[PDB]
Amino acid sequence: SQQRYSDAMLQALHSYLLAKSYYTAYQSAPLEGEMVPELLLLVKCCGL
Amino acid sequence: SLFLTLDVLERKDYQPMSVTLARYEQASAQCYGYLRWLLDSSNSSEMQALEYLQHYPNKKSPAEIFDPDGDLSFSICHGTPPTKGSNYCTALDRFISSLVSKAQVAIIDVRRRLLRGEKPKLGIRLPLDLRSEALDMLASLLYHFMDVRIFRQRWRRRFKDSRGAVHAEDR
Amino acid sequence: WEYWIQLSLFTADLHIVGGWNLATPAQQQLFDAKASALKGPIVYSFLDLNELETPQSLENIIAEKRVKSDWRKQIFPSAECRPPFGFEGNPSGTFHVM
Amino acid sequence: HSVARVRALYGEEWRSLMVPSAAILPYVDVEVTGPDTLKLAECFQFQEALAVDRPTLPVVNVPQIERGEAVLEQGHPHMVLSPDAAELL
Amino acid sequence: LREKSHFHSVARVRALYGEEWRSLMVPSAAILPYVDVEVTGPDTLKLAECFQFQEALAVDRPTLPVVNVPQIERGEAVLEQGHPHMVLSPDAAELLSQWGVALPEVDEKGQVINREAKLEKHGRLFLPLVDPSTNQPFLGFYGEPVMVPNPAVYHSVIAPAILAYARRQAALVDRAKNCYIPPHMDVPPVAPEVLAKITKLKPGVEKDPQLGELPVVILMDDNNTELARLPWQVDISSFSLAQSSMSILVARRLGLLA
Amino acid sequence: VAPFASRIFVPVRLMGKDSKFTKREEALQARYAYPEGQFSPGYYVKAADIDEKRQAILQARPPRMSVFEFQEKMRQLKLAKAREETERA
Amino acid sequence: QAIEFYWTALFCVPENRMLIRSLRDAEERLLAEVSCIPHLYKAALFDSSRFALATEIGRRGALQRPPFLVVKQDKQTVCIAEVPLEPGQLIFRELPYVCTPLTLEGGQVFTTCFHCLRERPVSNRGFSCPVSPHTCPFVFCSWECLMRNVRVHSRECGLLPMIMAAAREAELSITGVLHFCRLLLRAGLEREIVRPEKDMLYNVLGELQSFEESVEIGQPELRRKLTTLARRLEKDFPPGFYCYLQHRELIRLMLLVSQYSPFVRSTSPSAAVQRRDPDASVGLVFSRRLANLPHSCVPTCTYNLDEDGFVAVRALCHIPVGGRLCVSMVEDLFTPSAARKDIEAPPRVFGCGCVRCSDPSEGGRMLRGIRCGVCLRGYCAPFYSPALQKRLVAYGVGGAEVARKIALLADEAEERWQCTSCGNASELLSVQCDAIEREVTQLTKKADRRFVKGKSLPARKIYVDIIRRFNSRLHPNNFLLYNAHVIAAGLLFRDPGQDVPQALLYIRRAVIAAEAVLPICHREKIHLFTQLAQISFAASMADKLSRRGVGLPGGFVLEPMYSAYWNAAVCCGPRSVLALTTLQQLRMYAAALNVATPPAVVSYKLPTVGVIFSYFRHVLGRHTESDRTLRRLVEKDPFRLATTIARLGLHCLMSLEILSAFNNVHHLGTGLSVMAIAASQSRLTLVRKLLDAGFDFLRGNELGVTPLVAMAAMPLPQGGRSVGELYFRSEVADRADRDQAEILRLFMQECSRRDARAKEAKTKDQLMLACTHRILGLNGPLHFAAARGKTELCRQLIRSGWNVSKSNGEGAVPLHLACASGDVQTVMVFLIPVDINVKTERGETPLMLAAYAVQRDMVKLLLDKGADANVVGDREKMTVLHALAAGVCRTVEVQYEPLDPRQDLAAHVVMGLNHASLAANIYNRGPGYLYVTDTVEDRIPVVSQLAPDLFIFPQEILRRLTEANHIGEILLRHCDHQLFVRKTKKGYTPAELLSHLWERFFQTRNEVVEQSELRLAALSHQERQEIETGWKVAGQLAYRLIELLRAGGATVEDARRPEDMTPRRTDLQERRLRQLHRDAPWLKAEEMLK
Amino acid sequence: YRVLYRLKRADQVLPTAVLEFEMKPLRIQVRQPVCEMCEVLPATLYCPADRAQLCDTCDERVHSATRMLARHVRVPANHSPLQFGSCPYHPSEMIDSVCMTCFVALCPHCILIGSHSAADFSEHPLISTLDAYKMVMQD
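Chains as they are written, first to last, in the deposited numbering: chain A, 723 to 770; chain B, 2015 to 2043, 2048 to 2140, 2247 to 2295; chain C, 50 to 147; chain D, 1115 to 1203; chain E, 1108 to 1285, 4447 to 4526; chain F, 1032 to 1120; chain G, 210 to 261, 300 to 657, 691 to 1004, 1040 to 1148, 1176 to 1432; chain H, 204 to 342.
Be careful, since some hints might not be right.
[Stated by the list, open to error] Listed next, the in silico EDC-like pairs over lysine to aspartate or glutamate satisfying Cα-Cα at most 20 Å (straight line):
no., chain 1, residue 1, chain 2, residue 2
1, G, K472, D, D1167
2, B, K2284, H, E242
3, B, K2077, B, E2293
4, F, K1077, G, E695
5, G, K1181, E, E1180
[Stated by the list, open to error] Far from chain B, by Cβ distances over 12 Å, these chain C residues were calculated:
no., residue
6, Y52
7, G67
8, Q78
9, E108
10, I124
11, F134
[Claimed, not checked] Here are some of the chain D residues that sit facing chain E, going by a computed Cβ distance under 8 Å:
no., residue
12, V1144
13, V1146
14, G1148
15, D1150
16, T1151
17, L1152
Since the hints were derived computationally from the structure, they do not count as laboratory data.
Even for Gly, the Cβ is constructed at its ideal location relative to N, Cα and C.
Pulled out of the complex, with its shape left as it was, chain A reads as follows:
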């Protein structure tokens, strides 16, 4: 929100991978849709 756009890369990617690691052993589905909020962070900060 303020000015960084690069720490917002790494926290979104880390919440992506930590959710995914739980989502591949708790249940057999890597994408579960709940990772959309930081997916929106990933694309916008990649493009900016």
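Given chain A, put chains B, C, D, E, F, G and H in place with the hints provided.
Chains B, C, D, E, F, G and H only, in chain A's frame:
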């Protein structure tokens, strides 16, 4: 900048072998004034450089700065092939380019002698014992013929615009 | 010269107070060309004034015009310097190096 | 090796009189909001509409309660002229 | 902030030290939640009856401090465990220097050595303060008694000698050849043998007919020898430091409650 | 108990012996001395009184004196009084 | 006058270079000759021996007498003297009867106690109101004041709005009226306890001077509004509020308050040690003996409010026999004559006949000087206006009858200006200099509102605009010019700005203007001289940024600090906190300049150095130089010879003769004596040679640091060679600790020789009696060795007889300081025979300081030897898991100190820039250079925020959670289940206390990263990856520790706290019994006996 | 790494200089920036493209007027290049430029009057000191 380099050069402290006497007096922790460079390096150099011109010792009056036998009248008169062919190389644009070139040759030679130390032979009095007729010619021209409104206008926009002022130099 | 002594002493506290070049710049160039003529490099040795074969002070070397030390039988410390003599009495004091 | 380590011990000279305490402070946020009673004390007006000051009529006869304490003749009030009536006359 | 105490010297110190005028300020809704307090009832008002009673009775009934005082604030120790730092009291150091006696010192274990030599011919001037009922000195911090200066030595030798010896010799030589400063100045020295035998003190009330409650101190030796009737009521502030007592019971024991 | 200090030290108790320090000390303690009447002695007393203050501010100045007259006073003071003192001596 | 003539030539020709240069030369010469205390007073401060028949009783009983008699010529209160009074002599030394702070509008409190104008002793503790305990503000601070003033607040709390509306009808200072009604209440409740013929209020009216008739006919607006307030004060108040006093006598008492009550400044003991501003609050006090003085604007005495809260005055000048004792009622004595004699001024101030208030040019001080253009030399002084003069002749000689005679028998605001060189009083001069006067007053008021609202940058801009434009039009003593100098110097040293040498100008002309105008000693001269040497040292540093030569010499940085210490001794006290903190500033600055010799009376010279170069070149190792070259060193610094010999221990016969002379002088850098610095480093052979030759081993410095205390205070030398629970430590530490044990043993035999020769003067007890001021927290030698991890030293301290259970400061046992050091062996030797559980005044064990530091083998060691893991505090209710929580994420270290080594530029120079200082948070690799950080709290256990590497890099956090999780594991099987639910003072379980402090650490994390340092900007993508992996795992272990402190307590059916249990009889009885045990400890002896 | 050298020849040891020093640190005076057009607020955000330091009220009026100025990335004010500064040849001007072919620190006055003042550039590259600090840390 010819006059601001002179301004910085005279403002520097120079002193005899009492440098080592002041090193022994540092471990003890003449005696009237020690720190002078740092105190007066607080205001802008625009004010100091104009008053460096103001109190210059041996300047030339307007009556004989236009001496009809002198070198300024000579460089506007006899010589100077007329503006034909290409570019712009008019009369005094060559001669207060040659005086600036000669004044650097004197001033750099002065600075080289101050690095050795070359103490003077024991006002505003200049660095070391100058007979500086080229510097005096340039000083009087800047002393009688300009105005301070545009001296401040283009040199304030030169110091706080050190990038744009040197790129517009070539472009 | 300050960063040279800082390098030799591992100390980010040492700061120079002055210096005295006891050699002309033309003499420095003559020594550089003689070293390349010997096919060997130049190493800076930071010696204490009292570590030499016969100790001289700063006032001794200026007045007498010669540092009177036999450089043949003299040992030159390179890179790491020992702490300057005195040191552990007045660590935050003024010293000299040549 | 030396020079750097021994200089650090000379920095230990002026940290000698410097001792860790036994404070255990758990900094936990406490909120400010609430009734501000110095506001309420300084917003309060009177309702009598006291008039402007004029020259006054002091009362000549009054029991003497001068300077707070009660002077008596031999046990009774000793009705006497007031000082501000002496000033007016 | 329109005063001749703002906008001036109190601000030119602060801006010299590089802080703001927005600070030194807080609304009075953050003083209370940040600084926790515990409740004070009517007993703090009733206890404060006798603290101004020491202050108001000053020029006639001088107070007697306790030299066995800690550096720690009261109400934290138990007086049989916990070893605070021993110190001589600030107001006791003022009073002992005012009367004209040398300044003593308090040991770590709480015993005050006597750095004087004039005492031995007329008894003790540093004696334990003793309970009025059980006739045993108050066990202060490690079992050693709470001890106070003795006014019996004070009024007998020192108090008349300051005016009679020093002042009369100085006045009759300086004024002739070329004010009533000390307090009390009441009942004379009783007897040198009464001076010789003294060891105990007792905070009592007495003074019935035209005074009602003006506390005095009763002076004893071994098997309850009531000797001296000196006023010198005890300092309740220094006594409560010596006992870490914190409440009204000091005025009950000392009799200062009225 | 004393350390039995050595003979190799010459103390000198820094009192009046050596001119510059003997006047620097009394100059610095001159400011710490008792002032004369400068205080508020109860009653006020004013000396402002503008018209005599023109004269009372003149009142102390050196003589207002020109250099051409200075040359002739130093000629009449040096030459003439030298002729008198050589005749006497 | 050399300044004066250089300034007028600057007005003739501005700049001109030589004019502004010779001006700068002449001003700093003038400063070098005025900023020096006399050498006799100089050596008296550093003497250091101060801190080491019926006729005879009469002699020492008469040379202690109160040096004043309150004699009664006319109606005045003239105070006479009888004894030659040295400056710095305590005179009255009383109690303040009643006091009020600066109450103001906006509902603002000065964050100190409303009563007892002091700093609060504990910031998070206080006493309570009797009427409305915690709705009324203004909590009390100590039990010395709750007994002092609880009834004067009980009568005032219900009537606070009642008096608030009274002060706005009759327009007055709100503090002037709120003090007066407090005087009415306290004196009224004293009339209840005393007989009704004698009282202090009975003494004040009738015996004091009490200007009345001068107020009726002069400054009549003073009388009308005091009548307006008193008419209000009579009719809607109870008659006992004003002690049943008459209306006319009420006017007398209201003048008695205003004209005898001074504004005092409450210095604070915590901001003094934290280098910030003293004088944290300002307000009125009243005292009977203080009011028994005549006011004079040229003082012979200055009052203060001490930190123990005693109003006392000292001696400024050298008042001889038959002298006067005078104080300034004016709190800002630099204030001009017109505002001294303001229409709102107190009557005692308004009638004063000092030379400053009678002579128009302020007695040669020339405080209102504006350039007179008629003669173009000298400055013209203003006069009193004719409107002022008519109302002012009621106070001098027979002022009463001359006032009434003119009133019955018989341009006003404009006042004239008179030049002091040629004497011109034209209307031209009084409209020219008036025009300059209005312009500078309007400009100073413009920055006055600019600074008060907090917009500090333009406030400095127009103050600097005043100093640059008017400047030569103003005399160098003006109230407008000097107030511009002080603000602009401070705001060009702090604030955005500090070009640095322009601030060096503005503090230099400030100190000159202050010494020529303000009296010989003043409270403000403490502040101005401290910042004069501080900017002088920073300008010495900024020169060393530039061409690297000498900088300013040692005189210009030491001597302003010396005068700051002398004004600290005269004004605030010779033993107050402010004088000791400025003295620690003096010693730290002396160590940076390397002067190392206290100015004393001895000054032992060596006039035969030229032959003993065989020893002098040996001690400093320099076998090079000549005769004159180190003969400088003996005259400039004889004591550096003693310090180098003591640190490099030489036991030669010539060495003993050298150190024998230097005994009484301590030092100037650190203040340790010759033997004290000899034994601080392990120099066992030199220490033995000094003790058997009769060297002094008992005296301490100003803080009380005896050589044994400083011996244990020294950090153990670590980082040496090789190794020695796997408790390996360097052999340099091994030889240092054991040789220091031999030094302590030799101290014990040296006591034994001096105590077996005779009796009394018990050197054994004086060696044990060695502690320190509360600034360091009353620490003893056993305390210092425990905090330093010296195992062999504290073992010998135990055997010799120092008490293992001795307490310091906040009730700390040496076992607390041993476990804080982290050394396992020091903890062992303190419990070899014990207090394995023990409490402070806050209620902490060694186990909870073990969990705070988060150390695995320290918690395991205490649990093996029997530490009770269920101890709950009685003041914090804080347990061992409550200490592991918030020790996982602590942002503040609490540390004892004599002064901050965090904001001093001199501390970085003296103590150095190395790994040891970085671990001690001395200097900082942060965003700002020094600036002003978050103030945290003002406690004498000085709290300080840690470095901003805790928040940025996840190395210290990730390291700390790994053994914090393991400490929770080893405490899981030892602690009970009730402590996992127990609440603290803020109502937190140990589990969600950790969750809350993790969120607060996260909020401070985002705040620190956003403000940022450019180390974060200069980060590669791999290092940014490693940081974000670090904080993800840090959050992983944070929640894992949260579940560890929560899941253990999920198997208990009882969630209510133990004090909310329905109790069973005997616990009611015994809580009442133990309450009376602490309440009345004296009933024990009468109970078991009778 | 201590090496001791002995030279056979005395026409191989030319002594150069005698240097005296003190052992006490010397820290750079650091200046966290102030707003440029109005020295009324401390700087909060520095824009490297505009190479200027501004407060919050000035960032929203310089860069928030045209559309090409809103695209400027802005960093916090402690990333400013002017916080390294004395330029000891001409004091009271801060170092904003570091010459990379010379490894020397210059100020705007120090490039017009001082060392890099004559005919130069295209053989004397200069940058901001914020970029220069980034290359030391990222080696």
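Verification of the supplied hints:
1. In summary, the hint linking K472/G to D1167/D is supported, as the alpha carbons are separated by about 10 Å, within the 20 Å threshold.
2. For the suggested pair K2284/B and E242/H, the alpha carbons sit about 15 Å apart, so the restraint of at most 20 Å is met.
3. In summary, the hint linking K2077/B to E2293/B is not supported, as the alpha carbons are separated by about 30 Å, beyond the 20 Å threshold.
4. As the CA atoms of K1077/F and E695/G are separated by approximately 16 Å, the hinted pair is consistent with the 20 Å bound.
5. Between the alpha carbons of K1181/G and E1180/E the distance comes to roughly 16 Å, so the proposed pair stays at or under 20 Å and holds.
6. Distance to chain B confirms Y52/C as a non-interface residue, since its nearest Cβ pair spans about 21 Å, more than 12 Å.
7. With a least CB separation of 6 Å from chain B, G67/C falls inside the 12 Å interface cut-off, contrary to its annotation.
8. Residue-level check passed: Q78/C sits 16 Å from the nearest beta carbon of chain B, beyond 12 Å.
9. Not every Cβ of chain B is farther than 12 Å from the Cβ of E108/C; the closest lies at roughly 8 Å, contradicting the non-interface assignment.
10. With 12 Å as the threshold on Cβ separation, the claim that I124/C sits away from chain B holds: the shortest Cβ distance comes to roughly 29 Å.
11. With a cut of 12 Å on Cβ distances, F134/C stays outside the contact zone with chain B, its closest approach being about 17 Å.
12. Interface restraint check: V1144/D against chain E, minimum CB-CB distance 5 Å, threshold 8 Å, status holds.
13. At a threshold of 8 Å, the smallest CB-CB gap from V1146/D to chain E is about 5 Å, leaving the interface hint in force.
14. For the restraint placing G1148/D at the interface with chain E, the shortest Cβ-Cβ distance is roughly 5 Å, inside the 8 Å limit, so the hint holds.
15. At its closest, the beta carbon of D1150/D sits 4 Å from a beta carbon of chain E; the interface hint therefore holds under the 8 Å criterion.
16. Interface hint status for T1151/D: upheld, as the beta-carbon distance to the closest one in chain E is roughly 6 Å, under 8 Å.
17. At about 4 Å, the closest approach between the beta carbon of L1152/D and any beta carbon in chain E falls short of 8 Å, and the interface hint on this residue holds.
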